[PDB]
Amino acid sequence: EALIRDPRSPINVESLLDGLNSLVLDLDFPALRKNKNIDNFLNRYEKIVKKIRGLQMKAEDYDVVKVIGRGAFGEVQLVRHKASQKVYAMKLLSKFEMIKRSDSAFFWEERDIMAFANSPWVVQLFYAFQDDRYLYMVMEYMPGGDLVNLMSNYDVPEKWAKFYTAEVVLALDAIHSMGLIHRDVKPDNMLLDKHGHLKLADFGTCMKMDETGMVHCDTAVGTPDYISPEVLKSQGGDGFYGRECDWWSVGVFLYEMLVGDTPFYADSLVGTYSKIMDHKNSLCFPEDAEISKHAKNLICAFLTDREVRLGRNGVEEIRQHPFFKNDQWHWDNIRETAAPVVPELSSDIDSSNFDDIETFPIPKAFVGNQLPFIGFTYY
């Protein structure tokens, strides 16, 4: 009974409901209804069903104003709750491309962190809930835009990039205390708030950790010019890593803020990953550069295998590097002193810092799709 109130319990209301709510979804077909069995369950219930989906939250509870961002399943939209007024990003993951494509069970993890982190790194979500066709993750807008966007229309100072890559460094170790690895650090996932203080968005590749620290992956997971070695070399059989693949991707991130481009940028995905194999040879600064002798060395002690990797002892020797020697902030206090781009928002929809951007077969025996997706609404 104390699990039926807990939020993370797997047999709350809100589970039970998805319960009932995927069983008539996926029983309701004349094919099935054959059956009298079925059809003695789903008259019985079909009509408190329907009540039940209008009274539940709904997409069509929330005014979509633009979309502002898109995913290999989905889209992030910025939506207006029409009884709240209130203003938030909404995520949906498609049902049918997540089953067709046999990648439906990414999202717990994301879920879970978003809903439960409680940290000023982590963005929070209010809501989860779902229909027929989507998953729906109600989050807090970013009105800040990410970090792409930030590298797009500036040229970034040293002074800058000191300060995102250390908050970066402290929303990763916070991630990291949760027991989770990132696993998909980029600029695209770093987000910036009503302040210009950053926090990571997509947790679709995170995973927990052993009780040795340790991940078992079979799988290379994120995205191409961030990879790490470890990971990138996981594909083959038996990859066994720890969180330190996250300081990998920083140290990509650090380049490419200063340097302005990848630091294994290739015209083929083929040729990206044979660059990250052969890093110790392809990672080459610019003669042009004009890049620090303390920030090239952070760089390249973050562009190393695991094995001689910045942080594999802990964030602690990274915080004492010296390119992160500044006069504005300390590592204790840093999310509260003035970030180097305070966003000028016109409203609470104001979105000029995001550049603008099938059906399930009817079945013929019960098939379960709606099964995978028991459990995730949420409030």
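Positions refer to the first chain, counted from 1. Take the two forms, find the largest set of C-alpha atoms that superpose within 1.5 Å, and that set is the rigid core. What changes on going to the form deposited in another entry:
- Core superposition between these two forms leaves every listed residue (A83, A72, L269, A105) with a C-alpha shift below 2 angstroms except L269.
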Given for the second form:
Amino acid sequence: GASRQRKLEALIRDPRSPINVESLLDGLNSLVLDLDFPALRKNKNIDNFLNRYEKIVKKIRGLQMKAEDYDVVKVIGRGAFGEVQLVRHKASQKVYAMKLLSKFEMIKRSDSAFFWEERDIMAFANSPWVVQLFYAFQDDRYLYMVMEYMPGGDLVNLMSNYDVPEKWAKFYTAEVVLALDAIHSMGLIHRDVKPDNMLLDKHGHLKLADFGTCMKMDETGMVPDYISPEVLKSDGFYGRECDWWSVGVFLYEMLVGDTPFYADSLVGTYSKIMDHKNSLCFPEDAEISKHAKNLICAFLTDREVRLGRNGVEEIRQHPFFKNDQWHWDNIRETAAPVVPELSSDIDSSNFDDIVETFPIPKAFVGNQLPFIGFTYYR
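Return the structure block for the form deposited in another entry; the form deposited in one PDB entry was the one displayed.
Partners and other molecules omitted; one chain follows.
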């Protein structure tokens, strides 16, 4: 009997459950947002429901986390459906990185499901290789993701400010290897491994960000300059090995100073990637070891014989990673090659310097419906 009430009480407590209390409050909020228009309020059912919940929903909005609770310090990133702002929480004075996503642009450009795995990865990974999400909240215009601020900037910035030695390339590669294996363990494929999505923490250690491209792998494990050839030839099924192709490209860019399939045109890069058997060649002036060259070549092969298919053990014991500084079991607790020297809690010097509204409707449209359940409070 009350075993059913116990089963139900458990679902509502579970933070991964779609019917948790934050997700149930999202349902109420979204229903009020999509009905409070004078055209719709002509309906007696709608006008009377909105009159009943008007007071409580005003009270709830004032209590719940909102963008007004934070001060915007600077825009440190921009992307497809939004921007990432360096913000300071007004009450606690704590500094975070907050990612905003336009609800309007996600509906219009019919791309409105990518944020679910991005939010889940950052909120629940519990890995030092993934940027941690503290709070996810939404208003009538945007989705917000308050994550830990990474003051070391991305690996693109590092490469443009330093001539990268093989000892540093061996460190950042190992960290990318472990970070990807952590994502693959959570049953996901990044699909966009690149140095713009590799951030450095206050101590110079890597963390992955921008999970908008992730996909949960099915039972078989299946789903521009850094894209794999098998992904380019698309619609077909690809696996974890496409993420390791991106690692090969990254290690080449680090040591050589240019991407292996760089071309002046977009089509030229595609052409070079497709012809990877004949287009991949190391410059005669490039400072690279035989082990480093041999590792890049094991990643830049056809998917069938690529390194990393039979797990990450084959990658771990590659001769390139032989060193006298770290082990795979402690690399993140060893001293990083470059440690950030920051002047304040809002020093954003490792980041380069960087609105269409919904139309009032006549009939029920339900623009808030695809966002019910986004709110999360740690």
